[PDB]
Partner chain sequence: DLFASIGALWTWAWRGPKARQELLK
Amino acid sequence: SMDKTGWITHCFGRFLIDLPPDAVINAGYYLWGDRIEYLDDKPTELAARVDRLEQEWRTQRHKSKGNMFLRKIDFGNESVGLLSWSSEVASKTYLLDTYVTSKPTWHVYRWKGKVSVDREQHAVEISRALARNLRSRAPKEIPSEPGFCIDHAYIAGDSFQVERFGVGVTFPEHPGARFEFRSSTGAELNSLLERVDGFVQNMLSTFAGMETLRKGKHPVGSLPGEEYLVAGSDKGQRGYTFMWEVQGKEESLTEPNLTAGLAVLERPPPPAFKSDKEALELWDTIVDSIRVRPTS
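Taking the form solved without the partner chain, show me the structure of that chain by itself.
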């Protein structure tokens, strides 16, 4: 824990975070509500996918006597899009399946979502730009440029954009334990304590076998993070439920809603930790490493 030797600093969206080298990491990234998704397709494979999927939309009935395919849009920068009706019933909505590529190193990402007839051109203009802003980042590179980092790449820019990610992390040394780190634009209406506190006291006072290890402020650098940590024993198993949270500012990339959490279930398998001490060391070491990525 406190001995951050061999620990690896990672990139997720606008932020950085240190983690032990043993950690098993799995991340999800979302843009304008819709998931941006990495594909391990070499250029020929993607061409096959798009061709295969285009013909599928054509051999699929829309309403009575028309197919579901509409357009194959070219966003340039080696990227493409497929416009289709939102479903078998027209409504007034499409499905814009975007396939953006990274530069200079080749990767392709699928970014798909529904859009109305009256906003299709706008959505295209977004994909048009996402295509020329999506740049690749080297395996261990920590980009100095402004941008939202994703899998094997980042979306360059400091212009506002709703963005969100969620990283699930497990540790082999500490089995049963699960850490999660999430970011999301938009501000929550209450702080952590203002929201959850009342109910936690009503559960702790009601049910036995638990104690509030910590509570209150836990600022990390310029980030105003409150925290709540609960622990308890049952089944001869020691359970944990931690959380840290910056409630974030509206229309802000650098101070969005930002949450770190760690939990260990009960219900004897091997201990996730030796004691409460070891658990809070890991928790504090990781949370204190949270920070906005320095950007020129």
Second form
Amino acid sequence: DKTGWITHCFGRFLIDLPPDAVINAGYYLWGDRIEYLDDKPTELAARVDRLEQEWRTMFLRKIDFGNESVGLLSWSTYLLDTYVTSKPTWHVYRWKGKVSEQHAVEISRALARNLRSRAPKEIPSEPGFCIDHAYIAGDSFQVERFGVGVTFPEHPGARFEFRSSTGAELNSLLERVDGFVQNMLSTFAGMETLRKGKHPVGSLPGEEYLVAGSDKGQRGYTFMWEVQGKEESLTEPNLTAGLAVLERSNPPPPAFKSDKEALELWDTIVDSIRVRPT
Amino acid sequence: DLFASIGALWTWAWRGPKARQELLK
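Can you now output the form solved in complex with the partner chain? The one shown was the form solved without the partner chain.
What follows is the entire complex, opening with the chain shown before.
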């Protein structure tokens, strides 16, 4: 029942979500956030001038990365505050992190070359990591990560989460939580396991663990899905999806009509996860 | 408490070591 559902790009991946989904996302490159700013060109130049004035009231150097892109180098190790623009369509991103130097400038430079704009409804055919209104073009390895939070107007109290992060996790999902869940199940008769095992989606080898419980007049859920990931892989990073309904204060309206409804939403979203074909 | 356990599972216990460091930044 995917009427009106929208395919979204996050990082290297696509996922389908219902049309009324409320979505929040963060993106991280070599461990630091890359943040969309709505600055126009003169507003960006004014922002940079203000920051330089303030750092003088500590400051070291202003660096041209080329493409109307610039970074400010100060003391925090340095602090490199990079402002980078997408092409062809103008959008500004801030990318700020600590630096112990020539290597970081080169990374900022490559970012300024590689950052491409994308239209709102566009799924790029070129390789790259999608962020807000843009994508970092290429398919050479880089440390990259995102997280997406999602709420659903028709399911109060429900939250869904989708994340990728390069590098293998040190354990798998079933290894990580099975003892914990078993202790829960033997403590609380309202607690059950709905499903435990594997949930592949195409080539993505997801482990899956779905629990639910009833108490205080409410029914809560914690659904978990994880690809452990491989080292230095863009397309099989650590990858997770989760859906939770936790305690809400007063008896509040159910998040779902039944476990089956909850499981159908879950499966429909999870089965839509795939590497973006490029 | 049942919902406290569910909450512990969601906020911390199912998050792997790498994902915990990332969430805490």
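Numbering follows the first chain given and starts at 1. The term rigid core refers to the most C-alpha atoms you can superpose between the two forms while keeping them within 1.5 Å. Shifts are known only where both forms have a C-alpha.
A C-alpha shift of 1.1 Å is found for residue 197 between these two forms, based on superposition of the rigid core.
The two forms line up on their rigid core, and residue 208 then has its Cα shifted by 2.9 Å between these two forms.
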